[PDB]
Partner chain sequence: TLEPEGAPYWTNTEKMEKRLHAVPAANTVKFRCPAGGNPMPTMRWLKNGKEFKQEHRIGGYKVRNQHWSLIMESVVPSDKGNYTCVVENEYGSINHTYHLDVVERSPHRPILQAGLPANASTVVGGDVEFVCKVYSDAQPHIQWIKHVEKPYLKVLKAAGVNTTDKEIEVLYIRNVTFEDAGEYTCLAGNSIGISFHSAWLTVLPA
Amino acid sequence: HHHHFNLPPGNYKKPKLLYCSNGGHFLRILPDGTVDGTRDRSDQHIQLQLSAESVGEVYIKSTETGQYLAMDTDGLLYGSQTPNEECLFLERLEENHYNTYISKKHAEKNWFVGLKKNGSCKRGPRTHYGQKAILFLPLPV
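Generate the single chain structure for that sequence, in the form deposited without its partner chain.
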């Protein structure tokens, strides 16, 4: 493995919001496949359903649109209509509290899901362990 195996304590029974501490945005997957963040808790595209493919490996799906979160070969997040290898993330505990999501496809590169303070997503190569951008908290919908 390229990464530790500390797992968060939550579960996949309910959908969640993924809140990023960095700028205080919720991860959003828009109908046209765009991925960004918003602080609007009333947005209909921030409700996400996580599911485990293997222990610690997840899909992250928009409940409104059905799209899967995915990271492409240049490190950009996008919404995928179908599950593919780019849609699997290694979900881990971080700093004894937060959830992080590493691209499984790009795990050797340490490419994370992350949000900037201005609510734009991070590109994979601009992410790294230690950043605030990569830290999420799952919140009830």
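In this text, rigid core is short for the largest set of C-alphas that superpose within 1.5 Å between two forms. Residue numbers count along the first chain shown, from 1. Only residues modelled in both forms are compared. Compared with the form deposited with its partner chain bound:
- Against the superposed rigid core, the consecutive-residue runs (3 or more long) showing CA movement of at least 2 Å between these two forms span 10-12, 94-96.
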Second form
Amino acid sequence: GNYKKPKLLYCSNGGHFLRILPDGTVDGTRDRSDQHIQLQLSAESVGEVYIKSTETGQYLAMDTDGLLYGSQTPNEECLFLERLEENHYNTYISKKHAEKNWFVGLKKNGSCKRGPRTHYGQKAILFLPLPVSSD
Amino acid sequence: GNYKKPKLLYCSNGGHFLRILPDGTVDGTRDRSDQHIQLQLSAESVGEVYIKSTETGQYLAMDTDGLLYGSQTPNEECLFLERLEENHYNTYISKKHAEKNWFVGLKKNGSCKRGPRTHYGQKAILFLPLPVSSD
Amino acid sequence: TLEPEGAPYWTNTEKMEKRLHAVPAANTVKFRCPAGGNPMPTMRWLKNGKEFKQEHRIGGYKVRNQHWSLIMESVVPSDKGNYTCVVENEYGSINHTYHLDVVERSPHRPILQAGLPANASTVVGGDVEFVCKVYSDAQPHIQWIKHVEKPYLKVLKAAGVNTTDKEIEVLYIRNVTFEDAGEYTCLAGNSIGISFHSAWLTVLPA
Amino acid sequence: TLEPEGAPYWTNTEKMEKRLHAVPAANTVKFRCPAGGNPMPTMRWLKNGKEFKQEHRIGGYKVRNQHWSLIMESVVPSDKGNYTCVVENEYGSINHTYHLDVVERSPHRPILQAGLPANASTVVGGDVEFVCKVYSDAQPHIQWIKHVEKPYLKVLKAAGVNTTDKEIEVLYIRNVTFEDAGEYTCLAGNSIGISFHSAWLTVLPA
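Compare with the form deposited without its partner chain: the form deposited with its partner chain bound:
Expanding to the full complex; the earlier chain stays at the top.
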């Protein structure tokens, strides 16, 4: 899956696509036709990406309590370290709170994981880039 | 595992090493220290190998009833087609009876599989090259 | 104690709502259809709506009609598709279909399309273009540089938060000057490594 | 009905004699230690004799102390080692250790060592050597060829059923003649593809 086009972020945990809802909250849905799961990633520098929702223009961000929200402007809380583990899953670590290892994660219920509650031994932080349609 | 040195052929099925016993019979053992499991492979042409036991000089062979035996000379029944499935397991098809798909295989009990009774949908035909010791 | 006869039913719906199973190649996959019913329902698997035999894939598969599951290890692209569990007894037949998505990843430095950017020639005062096309799994950061003033490199254009693909793909040099002659490079870096391709600009007089 | 109290014991030894688990990378692994006993024995896992926590590997692992098993998916080289299940109740502790072997495969055409064979020079009448070192997972077939009489290639030496590694690795040319000048090539082919490296022999007079 070349980087260019918008893509889906599929969480290994419950099989949910990362979703940024119109009211600014972040969760996960199994519905592949949902219009809030199409994400365009971009980068200002090697290994650090911005994750933006094509539908509503909001960027993914992580606040100081480890909470995921959709932001209207790309600020320092919108910068995620993208790691490709040869395990072939991607992980997204908040750049602002990299020291504490705060991971983008989705629980089995489709609700967001908070920074503090994540760590490397979980399926909640493992994502797989998927094309918008058929694959 | 570069090709050069002698190696172990570990069957996925029960976790047995392919063994050529001194009396000419072929089976499988879980004992990694057994002296009849060290095999040197060689080739006369691309993709076709001879499998020989370093301990007793016998070559692996498959008779017309699909029976595995150790042969004293490398004849046409000693030639196996070596396939690497990206699935990362190797399979060994008798060259003499390639038309019928007769596979080298080991049952879960460590006894040999007969050509006729093998097919692609089995773990009995899946082998993994392993070094003689520590790995 | 003993309960009544009837057509089959799902006993656990929580381990079955995950319909899409997307895994990298070589991983094992397990689909569940935990059923109940009396008489004891029979379970059957179809692959893209067809009878799914053991010899249909290398290594076969393990069916545990004790666990009401189908397990396929070492998943490969030829396994992609829909898997339907048909569970039945004398009074009915229920069913569910999972979708198997096998992903292939390429952990590599960015691959620049062969021959791009291409060298260019122009009379002073004309216009030129340089093209760069990149292939990358990890999100790459692409930019256009010039090997200059002889200290080395000058950044002509760079990808940012919201720059379009179109914008960074082509480097336009308008009104070419002799100073503009020289080496143009498309630089692409990802978390695995960096790649670059160079093009020379020949400026002529007239 | 109810049975007596005692220290734990293995209820199924048949799914446990496979001690060495050797799998390619990215495959899932499941170790069983099906236990029995009363009181209900507790199960615990050690990795190379140490407490094995969830955060000790990426993606963690699933323990089913219902199934008396340990499942690790997406196996990678850092998981290699011994896994011990310690099962116990108030009257005793039993245990078993599995060995996890994670194999990495390279489905590639043969890789010839950089720079070999090397060019050589000699006065007519002297001796020379050509070396070829090959790396290959699939069993390769190696041979030495000469680009001649100008029809193309002449086979100087070839690997067979029982030729030693030493024999095909070095090509010796004794008493060099002017005819012996020319291109020497080590050719290596496997079921994935073929690779070759050339060396020129310079013959001089004197």
